[PDB]
Structures are given as structure tokens and as C-alpha cells.
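Of the protein chains in this complex, all but one are displayed in their positions.
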Amino acid sequence: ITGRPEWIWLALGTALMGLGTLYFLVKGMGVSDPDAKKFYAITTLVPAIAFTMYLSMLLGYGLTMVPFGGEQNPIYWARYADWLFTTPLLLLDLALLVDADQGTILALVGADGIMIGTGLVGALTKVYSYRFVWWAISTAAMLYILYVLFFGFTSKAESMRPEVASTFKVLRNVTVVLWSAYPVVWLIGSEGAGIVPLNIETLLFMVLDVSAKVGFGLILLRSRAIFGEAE
Amino acid sequence: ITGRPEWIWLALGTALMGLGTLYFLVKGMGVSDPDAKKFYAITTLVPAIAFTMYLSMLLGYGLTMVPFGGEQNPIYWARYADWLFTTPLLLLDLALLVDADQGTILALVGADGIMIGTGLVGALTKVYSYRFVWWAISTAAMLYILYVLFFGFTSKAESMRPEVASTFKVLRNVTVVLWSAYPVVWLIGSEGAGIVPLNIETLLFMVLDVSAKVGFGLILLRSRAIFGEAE
Partner (left out) sequence: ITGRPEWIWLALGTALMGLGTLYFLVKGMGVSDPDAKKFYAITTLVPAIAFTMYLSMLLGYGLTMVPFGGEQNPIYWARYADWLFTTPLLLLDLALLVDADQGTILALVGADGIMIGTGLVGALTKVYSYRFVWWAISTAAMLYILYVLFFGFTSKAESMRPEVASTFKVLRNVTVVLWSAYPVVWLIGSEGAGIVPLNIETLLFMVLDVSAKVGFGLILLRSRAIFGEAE
């Protein structure tokens, strides 16, 4: 484990995702509202999945070597197995908050799968220049997601209860800022141009992951928007 | 790329799926009917997924070598990753058109997963004679799907609006004819008996894919069956 300088950030990430999972699990014990139960189930699964994948990276299972640039490059593939399941769950939290229609939910989840799937292909591609073709396709899929979150959901939240509109607006802004950083870290990190070393890259993804999952969840599960209007 | 004679058909397929995706995306911009939005989302995702997998084959990522018959045989595995997601989406288009019940939808999607999954196992199997055992199981799963589309959905469409009944009947006939060709191309192509060479096999799958996805989508999204009855 300790033979890799980035191990400290993988261990911290593992701990923070595990602690986040347990807090949400305990906090959700005393909840019977069927609407609130939906948000607790979605939001608790997110850091639980991330916990297992951070642990796999810490123990060395989620790491492979990819030859490109005449070098064997360490690629943590477990990140994409994490994101494949956690990013659509996070979008479902937002879509259920605004009572989005089914067709829009399917478009979001499908574009998200394309985003993560093409990012994985780009991470494992051995022809250096082709890695950035996949990065560009994946980034186009992300821009579609961000467009929908702004010019489809925002207008839908305003016609909703005030507390669900204000909570959505906050979580929307958090998501757009944090998610946009991921393609940048990829491009300048060891998967892309190799400007930033792997140990610093790992620290950046850990800050982003914890903020986008545990920070996101703390804002959502403390809001009254997750409960139905009741007397 | 150009070192493979089949590259021209992979490049054409990539272009036609990309163009198809963009047309459906633009055409769906001016749509607010929640029913129509469902069909546009399903139908636009189909060629978008196929685009990415054709590109992976063009660039050489979606290709592996499988030893059988005393030879290293080029097997494009990316086809099955495509079909795993696009064939159930196409069946969902048909099932939603006739307002099929949930139990029937699950049976269709499950049989479809078995069809594609066993076809993938057959494509990667190293014992030559066993490849055709998997082909037979996969073909049995397809025949179940075709039976349901005829002796379960057809009777359901007649009790529906006339425009949804006539549109379903057309898309049903297109699907049964085109899908039935796939097991035949597999059997006589490089995955099976090896009668037809890979470059011709690739041309045939490209014609079938574009017809079953973009041609299918053009018929559906030009129909009024996708809109609810409104004044």
C-alpha cells in the first residue's frame, strides 16, 4: 500500500466515504415519509458505492497499467466503475426533486452513461492522440447534461413549492461547478497531458468526490424539500 | 486504421450513426408533449450509443483476437456492447407504443439480454463446436421475442388508436425482418462457419444496423402516434 505516494489520499477518501455512509444511514433511520425515503435511499447508496471503490484503489485492486507515450502508466480504472453508478444516482436526486418527466430522466441517465463510458475508453486507449478524441466526446455529453439542468429543470423548479425550488437551485449550482472540474483534472493529469503528477491528481479527485457526494448529500438531506407537504 | 480492409464500412457506419443522432437531436428540440419526449429520448440514444461503438471499432479498440480453428480470429466485441443497450431500447419504443404491461416489458428485456449475452459468449468461445451451442440458445431467445411481438402486442395494438396501430404494425414488420438477418450473418461470417469474409460481413452488419436504428427512428418520429390525443 504505502509504496504508492498517493496512498494517503486514497485512505482519506475511503474513511470520509465510509463515515458519510454511516451518518446518512443513521440519520435515515427515523424516516417514514415515502417521499423522504426515496431521497435517503438514493443519497446513502452514493457514498457506499464510492467507499468500496476507494477501498479497491487503496488495496491495489482497482489499478492497472496502460502503455502509452512509451511508458507503463498507472491508471485507476475503479474510478469509472464508481462514477458509472453514482453519477446517475446523483442526477436522479435532482430530477425527482423537480418531478421531472420520464423522457427527460432517460435522456440524462443515457447521456451520463455515454459520458462515463467514453471516459473509460479514453483512459484505457493505447494510442496517445486518440485518448483526447474520447475526452472530447465525453465532454460533449457532459455539456448536454449541464444544458438540461439549466434550460429544462430550472424552469420546472420555479413552478414548484418554494423550498424545493430554492434547494434545487443550490444543488444545481454545486453540481455544475464541481462536475465541470473533473474533465479538467483528467486532461492535465496522468490520464491526459501528464502536467500534474498522479499523487496531486489523486488529491484533487478526492476533494471533488467528497464534496460532490457527501457535501451534496448533507445539503439535500437537511432540506425540507424531501418531505411531502403534510399537516 | 486503413490496414484493415473493413475500415471503409466502419467509417461509413460511424458517419451515418453520428448524422442520425444529430438529426434526431435537432428534430426533438421543439417538442413539449411528455409522451413524445419519451420516444425522442429513447430513439435518439440508440444511434448515439451505436456511434460510439462504431468509432471504437474504427480506431481498433473494440477488436480482439480469439484462437479457434488453429487461427487467431479477429472478433469485434464492441458490437455486443452496442447491442446490449440499443436492442432493449428499441423494444421499449415498441412496447410503449402499444402501452404494454410491465410484466411483458420485463420478459422482453430479459430475453433480449440473454440473446445478446449468449451471443457474446459464443463469439469469445475457443472450442469451435461450442460456439454454435451458444448461437442456438441465443436464437431461441430471439424467437421468443419475435413470438411476443406477434402474438401479444399485435392484438394489443388493434384495441388502440388507429394511428398507433398502423405505425406499430409497420415498425413490427421492419423489426422482425431485420433482426432475423443478424443470426444468419453471424453463422456464415467470421464468428461462425467463415464462409463470408470479414470485410463483407462488416458491410452487412452496417446496412442492418443503420436500417434497424436510423431507418426505424425516421419512421417512428415522423408518426403522429407518439403524441397524445390533444385538441
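By written order: A and B. Residues from 1 in each chain.
One rule holds in what follows: contacts are C-beta pairs under 8 Å (C-beta built on N, C-alpha and C of every residue); 3 or more make two chains touch, one makes a residue touch a chain.
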Of A:27, A:38, A:156 or A:169, the one touching the omitted chain in the full complex: A:38
Contact partner of the left-out chain, one of B:110, B:162 or B:197: B:110
Those residues of subunit B which, in the complete complex, touch the missing chain: 101-104, 106-107, 110, 113-114, 117-118, 121, 124-125, 127, 130, 133, 137
Interface with the undisplayed chain - residues on subunit A: 34, 36-42, 44-45, 48-49, 52, 55-56, 59-61, 85
